[PDB]
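S.K.: Build the full structure now, drawing on both the sequences and the hints.
Number of protein chains: 2
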Amino acid sequence: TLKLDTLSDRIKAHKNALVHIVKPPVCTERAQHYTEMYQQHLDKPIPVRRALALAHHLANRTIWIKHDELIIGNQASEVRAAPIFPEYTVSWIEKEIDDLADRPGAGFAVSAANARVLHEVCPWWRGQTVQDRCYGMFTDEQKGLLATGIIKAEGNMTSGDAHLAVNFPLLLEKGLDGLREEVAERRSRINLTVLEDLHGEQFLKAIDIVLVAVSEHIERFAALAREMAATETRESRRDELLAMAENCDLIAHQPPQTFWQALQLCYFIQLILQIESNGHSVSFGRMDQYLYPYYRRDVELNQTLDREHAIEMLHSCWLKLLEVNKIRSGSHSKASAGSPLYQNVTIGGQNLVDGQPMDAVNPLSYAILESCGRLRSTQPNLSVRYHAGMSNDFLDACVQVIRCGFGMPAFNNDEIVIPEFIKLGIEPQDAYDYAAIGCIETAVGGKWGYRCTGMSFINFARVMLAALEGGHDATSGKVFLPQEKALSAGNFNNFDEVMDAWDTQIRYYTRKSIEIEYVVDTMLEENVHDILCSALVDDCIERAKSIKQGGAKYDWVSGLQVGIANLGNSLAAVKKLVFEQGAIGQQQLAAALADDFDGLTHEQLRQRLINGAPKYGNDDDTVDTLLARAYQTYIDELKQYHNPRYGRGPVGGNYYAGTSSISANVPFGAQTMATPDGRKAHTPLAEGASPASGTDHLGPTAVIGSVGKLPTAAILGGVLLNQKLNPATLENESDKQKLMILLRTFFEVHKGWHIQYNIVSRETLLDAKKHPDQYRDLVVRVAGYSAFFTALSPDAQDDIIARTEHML
Amino acid sequence: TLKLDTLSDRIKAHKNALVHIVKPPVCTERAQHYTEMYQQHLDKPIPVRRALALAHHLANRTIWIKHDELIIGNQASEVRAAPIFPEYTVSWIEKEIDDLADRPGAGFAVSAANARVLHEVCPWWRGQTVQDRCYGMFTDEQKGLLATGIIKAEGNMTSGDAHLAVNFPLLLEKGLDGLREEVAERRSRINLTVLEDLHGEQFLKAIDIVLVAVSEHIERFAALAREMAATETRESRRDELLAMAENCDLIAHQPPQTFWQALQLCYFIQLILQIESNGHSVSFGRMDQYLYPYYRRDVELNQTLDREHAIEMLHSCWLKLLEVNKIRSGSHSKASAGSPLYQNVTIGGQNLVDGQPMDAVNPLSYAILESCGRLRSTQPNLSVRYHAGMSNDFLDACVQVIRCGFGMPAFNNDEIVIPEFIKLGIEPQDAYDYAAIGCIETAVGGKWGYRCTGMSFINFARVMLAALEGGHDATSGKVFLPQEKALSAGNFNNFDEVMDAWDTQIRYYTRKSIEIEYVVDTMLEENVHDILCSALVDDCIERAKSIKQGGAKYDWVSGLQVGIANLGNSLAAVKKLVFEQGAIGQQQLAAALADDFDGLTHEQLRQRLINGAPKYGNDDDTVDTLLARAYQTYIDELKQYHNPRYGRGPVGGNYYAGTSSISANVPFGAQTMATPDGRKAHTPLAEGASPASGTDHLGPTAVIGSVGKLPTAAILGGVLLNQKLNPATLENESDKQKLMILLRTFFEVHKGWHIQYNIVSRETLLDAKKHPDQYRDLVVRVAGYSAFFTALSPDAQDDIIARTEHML
Ligand SMILES: O=P(O)(O)OC[C@H]1OC[C@H](O)[C@@H](O)[C@@H]1O
Ligand SMILES: O=P(O)(O)OC[C@H]1OC[C@H](O)[C@@H](O)[C@@H]1O
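Which chain is which? The protein sequence lines are B and Y, in order.
Numbers given in UniProt numbering equal positions in the first sequence, counted from 1, plus 2.
Numbers given in UniProt numbering equal positions in the second sequence, counted from 1, plus 2.
Fair warning: there could be bad hints in the mix.
Identical copies go unnamed one by one, so any copy, or any two together, can satisfy a pair.
[Said to hold, decoys possible] Taking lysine-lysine and the DSBU-like style, the derived pairs with C-alpha atoms no more than 30 angstroms apart in a straight line are:
{"hint": "1", "residue 1": "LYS771", "residue 2": "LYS14"}
{"hint": "2", "residue 1": "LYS480", "residue 2": "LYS207"}
{"hint": "3", "residue 1": "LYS207", "residue 2": "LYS145"}
{"hint": "4", "residue 1": "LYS487", "residue 2": "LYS771"}
No lab work stands behind these hints, which were simulated from the structure alone.
M.R.: This is the structure in structure tokens:
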């Protein structure tokens, strides 16, 4: 009974207000205060100094209540403005503050007034930021691998970690006051003549400062809700505000009672975590499961609320998550097209009750979905947990919201995740509780460390280019791991010798990436403790230490490998026309590539490369499994390493692979020279594990075939897959059953990680590229998340216009 | 064959030049550079940043060669000037820089020019110094115990640690280059994907920077030795300088060959360790044992050198140790009268060879002693290792140098130390290798952490005052550990109930002292790694971490308990006239003490206290063993604690007691109100474990009897004992045998820790108080060390005139 076409004047009023905020400003309050507190409390341990900085900023910053919201709590002085966090870096800010209103798709209105506040702070943080200090440690060799871009890790060096969901049931069952009580018994057991206890109490001291200021904050919003009602003349909203301060008074301290309370609270947390740290992908976890016992109480039974005012609340909320904005560098902005935050909300899945698995779909799962389908907004990121025994009813209701052309909902697959989690050591009832984090990755909400994916980026295409030409990276002229065999010298005797070169080179860029990651993570852990986040994850409080120090019950991280499709395609093409057939010569190719297929003779060569050799995504086994092998070397490397939290507390403490590379395929391509699959220099790579655009000619069931052949179980950082259909292709009920049997076959027979759809027509993308001004709420799906189309650059825009359009 | 009366014009020229440096200046170079490097390398790990600071300062500072020295290497731009080290503190410097040329016995000429350099640096170090940060951590309660002075620890909060001897045999066997080789193999085994190895390599990186700059420095003194010989016209010294650059060239790199080389090298180290850190009591250890194989080669056999030019070299050296100066606060200066450095040189003892103990006295032991006896200088601090089988010849030669009236040599006692070391876990052949450190304490040179004594000060007299009056400290009006029983309320039922109050109060000031020490030591270990010192102690290089982190093979520390005599005397007096006899009333006493024995009635009361009750030091068992018990509570407390290095590497990791309190008895007295032993308010306490001045009336054999009854074995921080005789009392050979049988009986029958003599007449102390100007090389012994008498304040001067003068 899905009524997906009807908003309300209240929420239509807001959503538009926001989508027209087309060049956001830069609220600078937090970088003002945090410098003060770092200047006033230089003598404190960093966990306490940071707890003060936050408690200061929290009660000296502008707060307001616009748009007649049903949910309240702003990230910044000005609407949709992006705070400034100087602890992680200043370097890209001391290069780029003039050049910021005109930045191809990451433009920030930087007021002459708030620019004054920036020249003032900045030069003091120089030398003492995470990024500055990473460079204080890096070995010289590490420093070159970074300059080139072969291994990239800007995102960890210029931002907090985040990439997790905190323990929202805890927060709800105890309320803040019950966490002070948790903290109090814990510092009751501290002994100050025991080294480890001496450090443990600084971190516990810090937690209490933060917990405190947060209660105070919730009350200084109960404050406004009444000081506003004073000078307010429209009765109907005063009766709302009075209930909100009435509802905020009760959530600043005790466990919440209603639905309106248990969802304002969880937002309050979800916010402060993004004011204390700029890490993106603060997820929500299984919200349809932990807000449900209030939805049931309130509106299903006692019916003191109406199932339609529940759906209106969430909306206000969804729009507050849209309010959350964040500014990134010029370089990293390219790989994060459309300033996203990836705040993920998870619905569905199973639920291990007393040892037996049980369908977890419930009436709030339908209410949450149906509220997303009506709103058509980038936020939240809606991720649905499929399982073999999901209803036909709910899956059809998922296909209904897909035909709404904003990319949601996306799918994750209990059929693959749960058995692999159990298989790593995760507690069986925790493996059933996994959520989506950020984009397509998966963790156990409330019990996992940071970055279940999101660690360092490796460029598979550039590395393979080096395995072909004597270890030489053509982009930068460097040779980091020398070797004799190169194409230009045509002295590979057989293809297996090319595959060896690959196994040899990647084994050395993986070591480096881990050495680099070891520095970053160690700098992040000495300088920037996330106080509140750590309070709200198990088992920090009991171990009295931050997540980065080993506070989390579980801890697994993944990197991101970019260039998947191009690696398969390249190897398979030099395998066929160079070795197998002799059609093309080693030097003839080497000269081809060092030339960017230039001339007319070299162009014929490229086209024989593109179409005279099997491409990944046509259910062709020869290329598909060649790719799985090439990747398998990388997965085999990660096994002889342990991440920095190994042995210091958590379970697991290891790595795995991951393809959730956001829009890094574009700027990563610009750094990759011509490649043997026929790709020209600088053009884009392929995003995620999707097929390279325009090479998949045997339709969608052949695509999922190819994708499902990758070693999914070792790639628990997510296997990203984009598909695009035309709106007329998915139109009748006969077309809907086609999508459904396609999904059910992906997840059950093939064991797929994820799939997300773009239901857009190719002319609509093209009128919005042209007339932005009548398309400023059009949502298209990028890769792991949704974006406002008019907001992406044109590089970003056309990668999305180039993708294959499939029939069902 | 001791010729103790003959210097040389060369060395007489120098010694006088120095003793007239009567208000020293403040060379500010090092605080200039170190701020630069902390400002240029803010991004480095602290171990590397500090290694740079040192390598910078080391090759940008004024260096010279005055006085026609046979040993070269200056601590500072100006002669006898005191560098400035801002890392440990600035606070006492931002209060006291105007008020510094007139400071009762710690006056520093602070040039208007070098005062300019101080206002410039200082305000940047604010908030980031050891002291500033300790206060960033201390619990509020900890902070009050500190304000009062009941527990004091200024010396650890405003200075490096030191209080050790580094591994001088190593340095000599390998030379610097062989330590680069040591360091190189060590970083060869580093793995940069292993957390502990990632930190290990920063510390190893740092060590190499320092090692390097030190070789460079030794060569930039080989530089001067020739650039001077150029513009030099007195042939005879050019032939010396040429050999010194000739000898410095060989010691900047390789293991030294001669005696002149092996003793210039060890000085070079002994110096740089006092430019990198301001910790005092950089000792030398068993120099008569590790320089001897060169003395033997050179002059005993091959005779290429003359036993009289060896004795002239050491002299130059002794005078370079006198050149070493250090500036301290206004408060801490009082407890360190006569700006000393306590650089200790140890001679004699035994020597466990292949499992059998053997006399270690040798011909360099006689040469070192005889060179001290001729020179009559505060530096070095000469400590002799007695054992039951020491010769009559060498002991008489020790008594000869005593009749020289400069306090040296002092005595330590293999008969007590070795069996207690073995008994703690120390390797048997290391227990035979123990040296003296600083004053009277004992450690295993090259294998021990910092502060075998020198940790936190406790005031036994003030604490006992609190056990008498309801936990009330009368000095400051505070009550830190409340209790009902007080004298003013006369409600002790029996004396055992007073002893309980004592056991209860001290058990609580000991906990606090350890909590305080835990903060200081942790701040010292996060902010101020001693690079070179750590390189030269086992087993830092192998564990790749500093001493403070657990680098040292062995690690035991002691505090200092001040007020020993007064505690015994007080308890024994309230035991006799209050309880036992009823002669005096509880309130009558309480009112007595709260009054500073004022009136004429209260004065009779005091005199019955002084002389109507047994005092410690008359071989009286009742008071002697009452004191040992009172102290025994404190020793029993230390057993349930472990110092911060417990479990992190070293052996032992524990505490023990100690009485080596330097001149803290005076300023500590000023903070202690009238006490039941008859002492008036503010007057001095008793220094060390000596008898309270003027209460020991049955002569020296009765004194050593009393002292020997203390629990010596648990007091391995040293039991300090001062004795003073008149020069005519120790004059004939019949008088010498009296001193010798007194010593041999102390150490063998009583098992004494230490004894040192003042052979001065009471009129000589009084003419030098009056006519300073004809007495500026008079040395008198303070407590653990020697001082120039005209340099001590008058408070200091008269504590020394008040001591008992004994007959033999
Ligand atoms: O380097 P960054 O921006 O921190 O990592 C980017 C990550 O953002 C979080 C997403 O869940 C993941 O798909 C993506 O890889
Ligand atoms: O607090 P400070 O000055 O570091 O300690 C003073 C110490 O100096 C080192 C001496 O060996 C010891 O006798 C004395 O107690």
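S.K.: For each hint, tell me whether it holds in the structure or not.
M.R.: Consistency of the hints with the structure:
1. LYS771 x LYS14: within (24 angstroms within a copy, 94 angstroms between copies)
2. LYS480 x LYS207: between (49 angstroms within a copy, 26 angstroms between copies)
3. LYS207 x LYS145: between (38 angstroms within a copy, 17 angstroms between copies)
4. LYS487 x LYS771: neither (47 angstroms within a copy, 88 angstroms between copies)
When the structure is compared with the earlier hints, a violation turns up for hint 4 alone.
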